[PDB]
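Have a look below at one chain only, the form deposited in one PDB entry, in structure tokens format.
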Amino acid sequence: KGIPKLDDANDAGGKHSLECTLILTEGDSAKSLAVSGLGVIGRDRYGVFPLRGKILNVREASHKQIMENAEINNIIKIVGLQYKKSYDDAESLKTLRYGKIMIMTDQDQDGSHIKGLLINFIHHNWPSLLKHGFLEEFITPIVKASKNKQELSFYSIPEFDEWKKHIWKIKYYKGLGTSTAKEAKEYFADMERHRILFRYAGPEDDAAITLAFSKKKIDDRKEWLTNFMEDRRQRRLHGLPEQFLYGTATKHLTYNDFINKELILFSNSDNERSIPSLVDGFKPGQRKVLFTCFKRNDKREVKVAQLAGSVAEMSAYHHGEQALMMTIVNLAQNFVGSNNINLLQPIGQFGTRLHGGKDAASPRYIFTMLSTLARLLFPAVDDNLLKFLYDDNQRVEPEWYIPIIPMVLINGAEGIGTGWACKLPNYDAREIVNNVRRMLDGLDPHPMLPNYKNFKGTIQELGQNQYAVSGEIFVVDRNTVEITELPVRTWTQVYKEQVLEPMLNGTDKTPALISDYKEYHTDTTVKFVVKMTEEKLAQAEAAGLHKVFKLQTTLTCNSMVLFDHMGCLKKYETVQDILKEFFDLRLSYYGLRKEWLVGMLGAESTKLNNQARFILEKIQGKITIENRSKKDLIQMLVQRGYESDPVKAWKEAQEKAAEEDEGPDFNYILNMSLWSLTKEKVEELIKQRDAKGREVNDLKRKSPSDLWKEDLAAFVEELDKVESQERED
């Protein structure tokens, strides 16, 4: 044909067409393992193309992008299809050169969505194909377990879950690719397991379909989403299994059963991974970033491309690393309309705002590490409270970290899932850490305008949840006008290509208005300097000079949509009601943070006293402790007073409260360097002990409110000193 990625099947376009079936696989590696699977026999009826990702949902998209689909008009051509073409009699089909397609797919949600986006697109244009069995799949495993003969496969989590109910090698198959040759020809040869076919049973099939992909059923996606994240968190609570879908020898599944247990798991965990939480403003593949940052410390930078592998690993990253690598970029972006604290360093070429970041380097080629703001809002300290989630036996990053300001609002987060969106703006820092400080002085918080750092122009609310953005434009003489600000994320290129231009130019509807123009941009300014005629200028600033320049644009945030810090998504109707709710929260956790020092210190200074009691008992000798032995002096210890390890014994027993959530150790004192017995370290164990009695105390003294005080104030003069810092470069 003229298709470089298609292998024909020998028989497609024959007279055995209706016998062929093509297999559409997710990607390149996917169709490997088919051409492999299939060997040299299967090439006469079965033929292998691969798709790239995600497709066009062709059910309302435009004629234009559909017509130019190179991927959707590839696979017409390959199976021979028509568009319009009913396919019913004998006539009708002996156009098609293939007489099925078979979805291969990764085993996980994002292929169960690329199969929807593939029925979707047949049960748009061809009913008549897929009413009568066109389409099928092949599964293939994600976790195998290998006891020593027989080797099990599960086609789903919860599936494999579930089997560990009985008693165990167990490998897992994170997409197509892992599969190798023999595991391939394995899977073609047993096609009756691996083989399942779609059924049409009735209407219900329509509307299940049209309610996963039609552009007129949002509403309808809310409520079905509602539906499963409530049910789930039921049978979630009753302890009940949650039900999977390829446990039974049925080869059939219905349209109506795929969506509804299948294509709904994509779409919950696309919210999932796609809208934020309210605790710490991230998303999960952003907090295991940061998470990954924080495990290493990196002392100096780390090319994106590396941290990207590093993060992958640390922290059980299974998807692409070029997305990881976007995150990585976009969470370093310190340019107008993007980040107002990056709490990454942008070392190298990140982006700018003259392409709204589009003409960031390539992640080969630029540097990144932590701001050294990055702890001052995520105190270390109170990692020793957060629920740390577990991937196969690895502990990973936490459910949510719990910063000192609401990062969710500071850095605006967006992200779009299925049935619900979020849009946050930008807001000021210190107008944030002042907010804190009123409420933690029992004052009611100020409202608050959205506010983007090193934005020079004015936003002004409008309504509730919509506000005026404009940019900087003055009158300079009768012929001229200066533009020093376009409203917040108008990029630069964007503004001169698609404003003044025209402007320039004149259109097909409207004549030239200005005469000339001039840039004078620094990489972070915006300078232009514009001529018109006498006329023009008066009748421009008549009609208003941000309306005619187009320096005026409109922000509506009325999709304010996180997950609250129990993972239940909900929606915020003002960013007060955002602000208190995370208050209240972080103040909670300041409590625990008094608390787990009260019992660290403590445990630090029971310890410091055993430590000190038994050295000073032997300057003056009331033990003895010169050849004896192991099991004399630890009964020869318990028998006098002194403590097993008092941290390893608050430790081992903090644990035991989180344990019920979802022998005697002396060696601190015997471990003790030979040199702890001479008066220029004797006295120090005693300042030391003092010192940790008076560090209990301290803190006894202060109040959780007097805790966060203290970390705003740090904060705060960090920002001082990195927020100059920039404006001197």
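Residue numbers count along the first chain shown, from 1. Between two forms, the rigid core is defined as the largest C-alpha subset superposing within 1.5 Å. First, how it differs from the form deposited in another entry.
The comparison between the two forms, aligned on the rigid core, picks out a single residue among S62, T678, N697, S703 whose CA moves by 2 Å or more, and that residue is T678. After superposition on the rigid core, the Cα of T624 moves by 2 Å or more between the two forms.
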Given for the second form:
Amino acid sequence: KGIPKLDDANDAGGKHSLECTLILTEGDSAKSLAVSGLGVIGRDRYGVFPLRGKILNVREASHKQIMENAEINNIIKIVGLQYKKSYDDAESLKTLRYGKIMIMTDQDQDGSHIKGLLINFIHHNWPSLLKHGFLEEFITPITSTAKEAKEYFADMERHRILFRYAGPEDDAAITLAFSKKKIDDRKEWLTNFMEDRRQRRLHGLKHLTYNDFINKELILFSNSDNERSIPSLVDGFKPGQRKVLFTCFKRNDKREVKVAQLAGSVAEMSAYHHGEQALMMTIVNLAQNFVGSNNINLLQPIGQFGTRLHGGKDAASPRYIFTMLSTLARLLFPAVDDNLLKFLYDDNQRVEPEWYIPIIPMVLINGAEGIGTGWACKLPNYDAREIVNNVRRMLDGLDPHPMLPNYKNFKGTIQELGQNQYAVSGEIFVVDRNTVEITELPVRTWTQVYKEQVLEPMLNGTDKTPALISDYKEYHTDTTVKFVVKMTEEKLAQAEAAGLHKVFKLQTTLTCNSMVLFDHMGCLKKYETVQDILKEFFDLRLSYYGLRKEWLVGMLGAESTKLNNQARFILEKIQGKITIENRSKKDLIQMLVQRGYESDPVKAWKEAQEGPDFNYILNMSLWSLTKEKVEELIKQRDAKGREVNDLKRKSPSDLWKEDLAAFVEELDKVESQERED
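The form deposited in another entry is what I want next, because the block you gave corresponds to the form deposited in one PDB entry; please supply it.
Chain only, nothing else included.
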């Protein structure tokens, strides 16, 4: 009676209410599948209503948020529930329009979270209903077609699982999962889970209690929530971000690509199994370059990707904005290192690696940030050039210098107040005895938000505060801040006595006591200092420069051997020592073997990293026998031989220094061109 998306049961509200089931689905697409499966007979005792994703965690949400939540209220009216009302006896159960709620979500982790949020909602307001068997779920395999829907519902018994309340263990499990006062308990809860899962990874491998649902099904979401929200220390990426970079590297676009088009390409090439809107969000976040976002954006923002006016919220639609790799991206993630990574497999398709190994700790450059379950991560930005200098110091066996947070193009100051605590201050100075000027806001204070929440209440006053200024004007650009503020002589004197930065809200505190990351083994770890992050990154990256040299010696050696055989075959051919004309394939192969020619050395070497093949010789064109091509082939062979020796003479440290120098050169050119443009 007033619920647009509701397909109410025919007998709902009448005398057969307690025999009616309300099916709450995960989204409208799931609703139509349920309505399709119920046929026509299902309308008498089954209603369908869709949930628009995650619902409110009512256990500790404010009363205002609970009263104004449309989805919670819709469920209450459809079922006929009432707050504070107990459902103990059978007399109280008559005011309900439905006797059972059947949750129908995807059989993935986020579906389990929605189930738990519904369980948390009923358990917090009507615990007596759970002891009556009010909640159940409809299981599916792994959405599907209309024909499959009617086959699931025809076999309703095999897909219907009922939740069971068995004692206070169920209350404690629900509280463990959804109470804000149980964050530390969730840390221990997940710590035991991650530890136990490693033990069995080294070895092997119709009723459901709420305690078993929390501790055996919901925990898979909570852990997966951390795996997708807490970045890796090695490359500073989360898996979704890493899939984007992997796709951009594999495409190697030389011209702009629409963000929406790229998102579709990422989902296909990297097996991204979530909605594309989140993926398009990730791409926009990876491309932003305004003050307070990325110190080095790996994707270029070609279009309106947001400004410091609205903290990037003013970005245009992803169907109208373009992007492509920054020229620094491949200097930070050298393509040769791809041969050293562990690439994952989804549906037997090879996808992104478990991590990339950049030349500097990218987790410190762009400020890794993420919210999971139990833990969260928050890192500020750090200066790329200072990071390089500390890497160069550690390569010389010296201790790295301490580092303060640093944001590109930020004109203010960041001062250390204590361990992992910092004061971030904008810029304000007195012009005359009636004027101050504000030329910088602290990091992540957006211009429009500062205007509306600080300067307008200072100009007009509120119901709780007086006016402080008489006027202000704005002279901003898209990337800078300039407020000119007018005050009386008296008010300005009082503002200076109290502190201009304090009065004008131009100083904010930055506290970094939750630097939680996945280490290189995939273990969640809390890091107390950025130096600890830098050190753990340094040893791994240096070791991989060792692996890269071993790889290059083998690969360049095989290429040298290959050119030696090809050059030998051409020289022996243009002199009459060997002939192939009108010879059979069998005789030609057995002859090349008998004369000491090697099977494809590059293919052999690549297969070693896991009949004779002379195609690398006989697929050469007939041009190969002509004079200029013989001279060209001999010079290429001799040049590769010198290339092997030049590489053998370099240390892993030398290779790292070459990469760092090449990166700094392009970083200077790009950042200088940015200031020109």
